[PDB]
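**Student:** Chain A is already provided as a structure; the job is to place chain B on it using the hints.
So you can see what is in the structure, the chains are spelled out below.
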Amino acid sequence: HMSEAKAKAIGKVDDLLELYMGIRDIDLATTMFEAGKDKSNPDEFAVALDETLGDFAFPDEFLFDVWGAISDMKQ
Amino acid sequence: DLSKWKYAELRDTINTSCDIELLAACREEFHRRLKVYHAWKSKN
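From first to last, the protein sequence lines stand for chains A and B.
The first sequence runs 238 to 312 under PDB author numbering.
The second sequence runs 1053 to 1096 under PDB author numbering.
Same shape as in the complex, but just chain B:
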């Protein structure tokens, strides 16, 4: 249920929350997005 998160919501959370699991789950989700981007951007 993290895919449906808006960017600025991932961003405000990583930059303000305290939840150890949530913080780590937002990083790896924010990462996953710019990950697949970097992948597609490489070919194109």
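One chain only, chain A, in its complex shape:
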């Protein structure tokens, strides 16, 4: 089931959102997730984020763990 994978991925991301802001909404987690399933390295992903969510100034350890959550969809 390749949709349970997308859902787990997003779920693992807004989990990281609650660790960074205490907040948790699926629209944001999905916004980010769908900025990575096309890129190949966390720098290509970092650029996609900066367009929509540039003003967030996301810490590098955070956007890694998110990229880590997206690359898990490979297996």
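In short, the hints are calculated from the structure, not lab data.
Wrong hints could be hidden among the right ones.
[Stated by the list, open to error] Which residues of chain A face chain B? A few of them, derived with a C-beta cut under 8 Å, are:
no., residue
1, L256
2, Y257
3, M258
4, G259
5, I260
6, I263
7, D264
8, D292
9, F293
10, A294
11, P296
12, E298
[To be verified] Straight-line C-alpha distance at most 35 Å; calculated DSBU-like pairs for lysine-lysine:
no., chain 1, residue 1, chain 2, residue 2
13, A, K274, A, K249
14, B, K1056, A, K274
15, B, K1087, A, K274
16, A, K243, B, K1087
17, B, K1058, A, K249
18, A, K276, A, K245
19, B, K1056, B, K1095
20, B, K1093, A, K245
21, A, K276, B, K1087
22, B, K1056, A, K245
23, B, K1087, B, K1058
24, B, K1056, A, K311
25, A, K274, A, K243
26, B, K1058, B, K1093
27, A, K274, B, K1058
28, A, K311, A, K276
Beta carbons are placed, not taken as given, at the ideal position from N, Cα and C, and that holds for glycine.
**Tutor:** Okay, now just chain B, sitting in the frame of chain A:
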């Protein structure tokens, strides 16, 4: 060097510390985060 702070660390600090500068710097950092959130959330 405050951007790299974890939320619960900003939270435990604001709720326990005494440092006048630090306390104020954690508030405005904790605020800045939920600020940009409220901004992006408005459009989406």
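**Student:** Determine for every hint whether it applies to the structure shown.
**Tutor:** Consistency of the hints with the structure:
1. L256: Since chain B brings a Cβ to about 6 Å from A/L256, closer than 8 Å, the hint holds.
2. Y257: Status holds, d = 5 Å.
3. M258: Hint on A/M258: holds, closest Cβ of chain B at ~5 Å, below 8 Å.
4. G259: 5 Å, holds
5. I260: Holds, about 6 Å.
6. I263: 12 Å, violated
7. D264: At about 6 Å, which falls below the 8 Å cut-off, the nearest Cβ of chain B leaves the hint on A/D264 intact, so it holds.
8. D292: Where the cut-off is 8 Å and the nearest Cβ of chain B is about 5 Å from A/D292, the hint holds.
9. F293: 5 Å, holds
10. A294: With Cβ-Cβ at 5 Å, under 8 Å, it holds.
11. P296: 4 Å, holds
12. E298: The hint holds - A/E298 has a Cβ within 8 Å of chain B, the shortest such distance being about 6 Å.
13. A/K274 x A/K249: 15 Å, holds
14. B/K1056 x A/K274: Distance of about 25 Å is within 35 Å: holds.
15. B/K1087 x A/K274: 27 Å, holds
16. A/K243 x B/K1087: Distance of about 28 Å is within 35 Å: holds.
17. B/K1058 x A/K249: Holds, at about 17 Å.
18. A/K276 x A/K245: Holds: A/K276 and A/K245 sit about 19 Å apart, inside 35 Å.
19. B/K1056 x B/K1095: Cα-Cα ~26 Å, so holds.
20. B/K1093 x A/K245: 22 Å, holds
21. A/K276 x B/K1087: 28 Å, holds
22. B/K1056 x A/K245: Status holds; Cα separation ~25 Å.
23. B/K1087 x B/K1058: Roughly 16 Å between the alpha carbons, so the hint for B/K1087 and B/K1058 holds.
24. B/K1056 x A/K311: 28 Å, holds
25. A/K274 x A/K243: This hinted pair holds, its Cα atoms lying about 10 Å apart.
26. B/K1058 x B/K1093: Judged against 35 Å, a Cα distance of about 21 Å means the pair holds.
27. A/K274 x B/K1058: With Cα atoms ~26 Å apart, A/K274 and B/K1058 stay inside 35 Å; holds.
28. A/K311 x A/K276: 13 Å, holds
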